[PDB]
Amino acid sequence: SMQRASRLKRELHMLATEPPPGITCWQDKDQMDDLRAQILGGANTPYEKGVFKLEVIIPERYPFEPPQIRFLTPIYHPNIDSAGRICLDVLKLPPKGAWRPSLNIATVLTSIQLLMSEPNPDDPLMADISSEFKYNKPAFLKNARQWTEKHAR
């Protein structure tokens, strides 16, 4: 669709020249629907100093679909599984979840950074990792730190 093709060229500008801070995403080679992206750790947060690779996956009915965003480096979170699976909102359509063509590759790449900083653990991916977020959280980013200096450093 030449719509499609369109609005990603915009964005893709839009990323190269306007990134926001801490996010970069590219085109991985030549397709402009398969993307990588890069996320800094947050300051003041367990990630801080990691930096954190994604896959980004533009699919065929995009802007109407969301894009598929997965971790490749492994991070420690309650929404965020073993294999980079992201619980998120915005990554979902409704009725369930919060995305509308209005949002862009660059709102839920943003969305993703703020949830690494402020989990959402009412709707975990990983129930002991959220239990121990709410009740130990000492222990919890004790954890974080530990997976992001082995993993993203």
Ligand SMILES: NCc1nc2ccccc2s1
Contents of the next structure:
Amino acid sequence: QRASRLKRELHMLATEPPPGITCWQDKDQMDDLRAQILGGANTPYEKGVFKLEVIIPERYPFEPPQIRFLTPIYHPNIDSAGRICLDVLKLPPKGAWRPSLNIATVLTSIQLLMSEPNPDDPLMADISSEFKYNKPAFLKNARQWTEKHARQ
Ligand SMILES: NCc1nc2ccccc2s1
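Could you give the coordinates for the form deposited with the named molecule bound, as opposed to the form solved without the named molecule above?
Once more the chain from above appears, this time first in line as the rest of the complex follows.
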């Protein structure tokens, strides 16, 4: 059932990936994956390439994929170790993971989170206040962080 579902998902990611998103097997196992999200336009992350680690837990699809950024990113919801505060990556009642979602849909949500942060549920408190109260300085720091760590 699990193995069977992962094959369906890998196939879909290889053939019909979402715009801007790529995901693939590192080795010869279906539960240790990698992905890549391209920084969107009309965002400070633009022209940046962000790599992620995607671990599929042993009880998938009843527990969510465990995802973290490997490429540094300056964002209120993402910490210095790459942990993402996002509802679709957490179990209910607080979270919104359900088995009718998949790897592609959560990667797309992380992409949306990059365009549209939530300072209501921050992981980086100083970055979160800068985003609310000094928006131009946030945008400047994000673009600098992008150019340094996500390019060449
Ligand atoms: N591994 C992803 C990240 N690494 C870092 C390091 C410093 C600040 C922010 C980030 S996000």
